[PDB]
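Taking the form solved without the ligand, here's one chain by itself in C-alpha cells.
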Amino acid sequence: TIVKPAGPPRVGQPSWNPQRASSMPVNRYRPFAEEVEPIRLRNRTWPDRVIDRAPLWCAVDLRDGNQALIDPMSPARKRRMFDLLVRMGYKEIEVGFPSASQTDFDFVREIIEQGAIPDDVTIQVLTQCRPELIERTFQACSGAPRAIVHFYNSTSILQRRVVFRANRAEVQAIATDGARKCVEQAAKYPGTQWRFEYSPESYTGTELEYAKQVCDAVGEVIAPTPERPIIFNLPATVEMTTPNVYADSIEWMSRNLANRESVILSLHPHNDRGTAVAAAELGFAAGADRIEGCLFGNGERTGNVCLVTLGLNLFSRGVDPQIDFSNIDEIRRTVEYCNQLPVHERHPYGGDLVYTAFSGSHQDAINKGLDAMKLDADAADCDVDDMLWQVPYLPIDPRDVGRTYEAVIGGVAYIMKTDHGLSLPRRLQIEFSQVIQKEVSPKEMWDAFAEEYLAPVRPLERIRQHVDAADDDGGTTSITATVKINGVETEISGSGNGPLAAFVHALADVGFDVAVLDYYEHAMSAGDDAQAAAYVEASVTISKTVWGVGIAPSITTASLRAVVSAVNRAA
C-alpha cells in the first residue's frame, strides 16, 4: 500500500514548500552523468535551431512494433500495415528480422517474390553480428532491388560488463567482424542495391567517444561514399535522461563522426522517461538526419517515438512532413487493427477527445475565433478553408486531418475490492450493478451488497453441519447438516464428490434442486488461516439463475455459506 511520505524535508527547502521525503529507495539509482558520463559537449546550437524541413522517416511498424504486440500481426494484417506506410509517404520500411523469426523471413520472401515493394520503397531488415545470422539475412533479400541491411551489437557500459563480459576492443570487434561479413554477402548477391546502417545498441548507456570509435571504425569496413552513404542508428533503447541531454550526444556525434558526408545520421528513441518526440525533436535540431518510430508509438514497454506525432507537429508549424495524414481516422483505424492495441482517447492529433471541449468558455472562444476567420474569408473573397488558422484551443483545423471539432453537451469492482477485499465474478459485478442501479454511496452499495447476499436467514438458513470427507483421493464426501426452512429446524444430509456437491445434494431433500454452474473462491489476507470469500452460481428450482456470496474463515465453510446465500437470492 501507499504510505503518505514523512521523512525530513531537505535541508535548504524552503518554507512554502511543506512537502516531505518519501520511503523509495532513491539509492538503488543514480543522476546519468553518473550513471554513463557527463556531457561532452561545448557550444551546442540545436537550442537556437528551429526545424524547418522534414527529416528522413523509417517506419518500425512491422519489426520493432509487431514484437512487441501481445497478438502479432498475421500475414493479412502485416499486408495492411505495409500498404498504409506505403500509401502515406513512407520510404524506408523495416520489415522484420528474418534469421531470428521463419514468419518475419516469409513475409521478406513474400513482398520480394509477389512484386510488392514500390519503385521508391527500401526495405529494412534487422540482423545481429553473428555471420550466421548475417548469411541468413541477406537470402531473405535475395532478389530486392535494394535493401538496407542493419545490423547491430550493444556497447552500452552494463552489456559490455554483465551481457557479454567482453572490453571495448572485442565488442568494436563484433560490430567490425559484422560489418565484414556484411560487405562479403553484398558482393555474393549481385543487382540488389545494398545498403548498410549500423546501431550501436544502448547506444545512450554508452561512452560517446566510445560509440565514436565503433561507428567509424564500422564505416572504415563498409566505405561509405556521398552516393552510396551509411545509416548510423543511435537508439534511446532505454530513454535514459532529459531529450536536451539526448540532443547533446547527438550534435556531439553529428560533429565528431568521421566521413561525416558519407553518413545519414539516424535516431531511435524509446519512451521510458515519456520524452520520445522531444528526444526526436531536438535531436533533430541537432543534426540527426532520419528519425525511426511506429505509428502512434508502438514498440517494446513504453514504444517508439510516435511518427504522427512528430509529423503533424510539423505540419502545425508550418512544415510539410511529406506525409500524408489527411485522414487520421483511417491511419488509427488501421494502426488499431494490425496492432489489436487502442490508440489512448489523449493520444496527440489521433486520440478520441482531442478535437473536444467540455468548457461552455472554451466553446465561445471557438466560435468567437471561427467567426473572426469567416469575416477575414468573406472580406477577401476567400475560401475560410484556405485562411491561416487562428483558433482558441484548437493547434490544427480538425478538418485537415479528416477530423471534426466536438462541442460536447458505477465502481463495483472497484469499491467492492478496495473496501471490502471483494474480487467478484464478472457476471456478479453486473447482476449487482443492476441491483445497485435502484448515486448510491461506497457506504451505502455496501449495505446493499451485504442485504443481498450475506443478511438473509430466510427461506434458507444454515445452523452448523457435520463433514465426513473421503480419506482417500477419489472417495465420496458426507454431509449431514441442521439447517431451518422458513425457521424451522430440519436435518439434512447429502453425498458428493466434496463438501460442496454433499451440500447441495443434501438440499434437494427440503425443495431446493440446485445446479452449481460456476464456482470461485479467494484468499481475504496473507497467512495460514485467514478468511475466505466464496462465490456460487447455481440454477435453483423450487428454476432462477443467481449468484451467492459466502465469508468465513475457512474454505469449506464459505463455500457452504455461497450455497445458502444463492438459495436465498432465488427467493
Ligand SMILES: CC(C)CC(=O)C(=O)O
Second form
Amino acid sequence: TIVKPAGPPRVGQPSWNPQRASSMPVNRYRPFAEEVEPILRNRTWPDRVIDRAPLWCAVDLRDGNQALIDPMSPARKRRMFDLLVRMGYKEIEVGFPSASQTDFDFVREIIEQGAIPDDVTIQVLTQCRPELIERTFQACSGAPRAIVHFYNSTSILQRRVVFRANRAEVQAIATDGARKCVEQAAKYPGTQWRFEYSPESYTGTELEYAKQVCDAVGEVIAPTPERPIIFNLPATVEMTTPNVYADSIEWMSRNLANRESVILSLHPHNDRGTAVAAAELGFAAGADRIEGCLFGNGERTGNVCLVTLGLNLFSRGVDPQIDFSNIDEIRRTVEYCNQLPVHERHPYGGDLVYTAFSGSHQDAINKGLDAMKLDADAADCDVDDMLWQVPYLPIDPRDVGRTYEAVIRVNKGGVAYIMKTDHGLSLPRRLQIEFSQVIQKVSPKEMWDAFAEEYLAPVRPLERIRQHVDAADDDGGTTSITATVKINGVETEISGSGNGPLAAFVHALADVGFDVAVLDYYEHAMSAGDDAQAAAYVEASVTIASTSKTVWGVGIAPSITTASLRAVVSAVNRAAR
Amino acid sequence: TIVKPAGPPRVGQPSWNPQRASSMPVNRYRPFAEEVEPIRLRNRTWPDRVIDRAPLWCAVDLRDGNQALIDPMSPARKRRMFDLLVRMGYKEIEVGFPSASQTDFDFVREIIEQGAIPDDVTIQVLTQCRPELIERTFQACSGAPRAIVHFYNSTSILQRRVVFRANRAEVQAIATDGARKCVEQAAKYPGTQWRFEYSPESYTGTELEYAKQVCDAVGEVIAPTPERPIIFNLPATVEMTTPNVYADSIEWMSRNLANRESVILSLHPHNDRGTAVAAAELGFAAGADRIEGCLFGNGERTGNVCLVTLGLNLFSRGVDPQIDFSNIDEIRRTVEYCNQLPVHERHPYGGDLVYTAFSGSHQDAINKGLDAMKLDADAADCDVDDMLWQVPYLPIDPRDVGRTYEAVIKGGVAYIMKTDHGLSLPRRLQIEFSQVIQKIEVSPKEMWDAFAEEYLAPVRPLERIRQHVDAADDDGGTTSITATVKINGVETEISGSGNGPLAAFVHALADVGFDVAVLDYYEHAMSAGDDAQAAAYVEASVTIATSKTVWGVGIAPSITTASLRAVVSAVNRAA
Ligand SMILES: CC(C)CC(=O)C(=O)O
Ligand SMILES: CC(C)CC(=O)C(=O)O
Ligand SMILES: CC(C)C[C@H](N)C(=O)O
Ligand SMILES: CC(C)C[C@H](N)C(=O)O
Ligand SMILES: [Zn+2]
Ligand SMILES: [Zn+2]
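Structure of the form solved in complex with the ligand, please, following the form solved without the ligand?
Shown next: the complete complex, the earlier chain at its head.
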C-alpha cells in the first residue's frame, strides 16, 4: 500500500517546503556522472535553433515491430512500409532478417515485388556474428541499394557482466563485423551497399571509448564524403536529462575521426519521458539524422516519436519534408499495424489535443478566429493561408486534417450519449462537433431544444411539402424528382435528375439558387422492424443565392428515401442560420 | 489524404539526403524568436547543473486535470484523488476553481467542513482577477486553516491583442488590482494563513521583460517576505518551443525578479511539443523552486507535466523525490478510476509494457546482470534487494515500484474494409465476417474475395432483377413496390406495401416464403459527392419456408436501391 513519507526533511530544506523523506531505496541508484562518467562548458547547442529537417530514418518495422505484444503479420508489415514511403521517408529499417525468418521473407517480398522506390533505401539490422552478416546480405540480394546496420553493446555494464571482456575484445566484435561487411559487399557488386554502425547502449558507454570503436570501424569501412558511414548513437536506455545526451552528441560530432565522411545519427528511447527533447537538442548539437517510430512505438517506453518531431518543426515554420496533412489516416494505419492505441493526449495525434473544455479557452479561441477572419477580409485573402494566431491551439487543426472541438458538458453524460439514449439518433462525429459549437454559442432538455431549433424545426428559407420520385426500374438508371417546396414562404415546383433520389433532389434545388455540394451521408434505423423510422444525416458545403458554409442536416422519416430528402432540406436551412 | 512530398529539396541539402519538400503550409507558423522574442539570457548556468534535491511539488489533478476530462470527477472520485495525493506525500494540492464551478465550490466546502486537511497540507484554489470572482474564492475557502489563493491573468502578446484588446499598462493593472483585492479579502477573513500565487498566464507567449514587470508589480502589492513568500508560477500554457529555451527564460526570471528571497519560483509546463518533462527538469536546474503537474500527465490537451515521471526520474538517479511511488500499480489504478482515462502502455514507469523484454538477447543480458548482482550480494553478506541496481535494459528494479520484470515468450477487418473498399461495417457485421475470415493470415485481397462471395455475389436462392418503386408523395403515405425476382432460377413477380421502400420490399418477399424480420439497418456514402455510391447494411432474423440471424450488404448509386440489395443479400446469407 502507499505509505506517506515520514522521514526528516533535508538539512537546509526551506521552512516553506514541508515535504518529508520517503522510504524509497534511493541508495540503489547513482547520479549519471558516477554511473557512467562526467560529461562540455564550451557547448554551442544551447544557442542553435533548428532551421532544417534532419534526415529521418523510420524504424517501426524493426524496433517498433519487435516491441509488440502481437508482431506484425505480412499484411501489416507491408501496410506500414507503404505508409512510410507515402509519408516521404527515404530510409526505412525493414527488419532483422538474419534473426527472423518472417523478416527475411518480408525483405524478399518488397525487393522481388518492386515495392521500393528509387529514392528509398532499405535498412536491415544485424548483430556481428559472420553467419548473420552473410544472411543479411543474402536477404538484400537484388536491391539497388541497402544500408547494412550492424551493432554490438559497448556499455561499461555490459562489457563487465554480459561479455566479461576488455575494451580490445569488445572493439574486435565491431571491427570483425565491419571486415565481414566489406568482404560481403565485394561479393554482391549489383547493389550499392552502405553501412551503419551503432555502439549499442551508447548512453552507458564512455564517450572516448564510443569514439575509439566508431573510429576503428570507420577505418575498416573506409568511408568518404561521397560514400559516408552512419554512426548511430542510441540512448538504448534513456539514462539522464536530454542536455547531457546533447552534450555527448556535440562531443562526438567534434571528435570523431573523418567527420566529413560521417552521417551522425540519433536513436533515443523514452525511459525518462524525454526522448523528443533528447532528439531536438541532439540535432542542434550537430547530428545529421534521427531514427524513430510513428507515435513513439518501440522497446518498453518506445523510440522517439517521429510525428511529434516532424510537427514540432512544422509548427515553428520549418518544413519537416514529411506529409502529416492527414494525421488521422496515419494514426488509424499505425493502430492497425501495431495493435496499440495512440493515447488520448499524444502530441498532435491524440483524441483530445484540439479540444477546449474551459469557457475562457473557448472564448479566447473564438476571438482569435474572428480576428484572423477580419484580417483576411481586409487583405482580400484566404484565412487558411494566413499566419495562425489563435490562443490555446499551437496549430490550425485543419492543417493535419483534424477539427477544433469545443466540448460542452451535459448537466453518464455527453452530447453523443444523451442524443442516442434519449432521442435515438447516432450523430456522426463531425455533426457532434458542429452542434456543440452551436451550443457553445447544459441540461438534456436545453440540448434537445437547441438541436430541434437548429436541424428539425426550420421551415425557411426552404420548406419541402411533398415530392414525386420517379426512380428507374433498372440498376444504373436515372432517378427523377419533382418537388413542391416553399422558398421563403413562396410555393413553387422544382425538378431534377440524378443517379439516385438524393442526387436528383440536390439538382432540383440548384435551379432555385441552393447549391448543395454533398460531402458525406449517413443513415440508420431508430428501432428494429422493417417499419422503423430512419434518421439520415447529410454533410454539405452549401451556397445560397441573393459564400459557402459547410453544415450538417438531419432528417427523420418512416421512408429511408424521404428521410434523406429531409436531411438535405435541414442542411440548407442550417446554412442560412 | 496522404500525398508523398514532391517539392524541390532545400538549397545546399546534402546529396545523401533525398527528402523532398512537403506541401504543408509552413508559412503560417514562425520561429519562436519571431513569434515572441529572442533569448535574453547571457551566461546561462542550467546546462552545468545536475538536480540534487527534490523540488516542492504541487499537484493540480483536481483542477487542471479534472477540467480536461470528458467525464469530470464525481464527488467520490475527487475525494479519492485528494486522498491519494495526501497519502503519496504531496503538501500543496490545487483543489479547484470554485468561483467558476459550483461543484468545485462544494468540494472545497466539503474538505474544509469535514476537517479533511492534514496539518502539513496547503490547499490551493484558482481564480481570475475579477473582484466578484476573488470574493467568491475567499467564500469557498472560509475556515481553511491555510490556503494558497492563485490568481492569474493572460499576458501574452497574442492575448493582449486579440482577447483583451489591451495594452501592457492595462493588463498589468488587471493583475495588480486582483492582488489588491486579494490583500483586502485576506484582511476580512481572520485565522486562515492566506498565501498567494500569481501566474502571468500564457507566460511562454509573453516578453520576459514584461512578465518580470507584472510579477514585480504584483509582488509590490502583496508585500511578501522570506517568512511569507509569494509564488510566481510561470506556465507554458502552450508549450511553444524547445525545453532549453523555456529553461533560459526561467533562469532569466530567477535572476531578474525583484525580492527574490521572498519568491517561490514555480513551473507549470504543458506538453504540446512532447517536452513537458524536459522543460520541468531543465527549468528546475535553471533556479525554479516548485513544479505544478498531474499524476500521469493529465490536463488540458496534451496534459500537464507528469509528476510520476518527474519523481521517479529523481529516484532512479539517486535523489529522493520525497513522494512514495513504492506501489505504482495502486497509483495507476486510482488515477485511471478518477480520470476515466488509461495510462498508456508505454508511459514511463507506469505503463503496461515498460518492464517487459520480448527480445531473447535482452532477456539473456538481463539474466546475466541479475546473476552478477546475486554473486556480489553473496560475496558481501547483503540482501541483493539492497545493493546497487546493475541490470542491462532495466533502469530500475521493477520491485522498487511494486512491479515485476516480465520476460515474455487480429484480422484487421474494420480497417481493411474501410481503407481499401470504403465500407464502414457495423460492429456486429465486423464480428460475423471476421468469423468467416478466421475459419479461412488471409491477405487483404483474399478478405475482399471472401466478403464479395458472402454478401455481394450470391444470386440464389433470391435474385432481384428490377423493380418499380411507387413512393408516397406525402409524408406518412404508403409506399408500394413490385419486383421481378428469380427464386432458385424461377422468374416471379412479388409486390407489397409499407411505410417505406424497405418495408414494402419485405412485405413483398413474405408472400413467397422469405420472412425477413429486420433487426437493424445502416447506410453511408462511399465517397464525397451527391452522385456517390451508397453502402447499406441490413440485419435480420430470416425464416425461409428458421430465424437465422444474418447481415446483408448492398451497394448502389441510389440510396433506395442499395437498401433493397442489402435485403436480398441477407436472404441469400440466410440460405
Ligand atoms: C542497433 C541499436 C540501434 C539497437 C537499438 O534499438 C537500441 O540500442 O536502442
Ligand atoms: C493560471 C495558469 C497556471 C492556468 C493554466 O492552467 C495554464 O496556464 O496552463
Ligand atoms: C450516396 C448518396 C450521397 C446519394 C446517392 N447517389 C443517391 O442519390 O441516392
Ligand atoms: C428504417 C428502415 C429499417 C426501413 C424504413 N421503414 C423503410 O421502409 O424505408
Ligand atoms: Zn532502439
Ligand atoms: Zn495549465
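Numbering follows the first chain given and starts at 1. Between two forms, the rigid core is the largest collection of C-alphas that superpose within 1.5 Å.
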Rigid core superposition between these two forms: residue from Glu461, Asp289, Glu135, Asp272 with Cα shift of 2 Å or more: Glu461
CA of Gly511, rigid core aligned, shift of 2 Å or more between these two forms: yes
Would you tell me if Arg426 moves between these two forms by 2 Å or more at its C-alpha, with the rigid core held superposed? yes
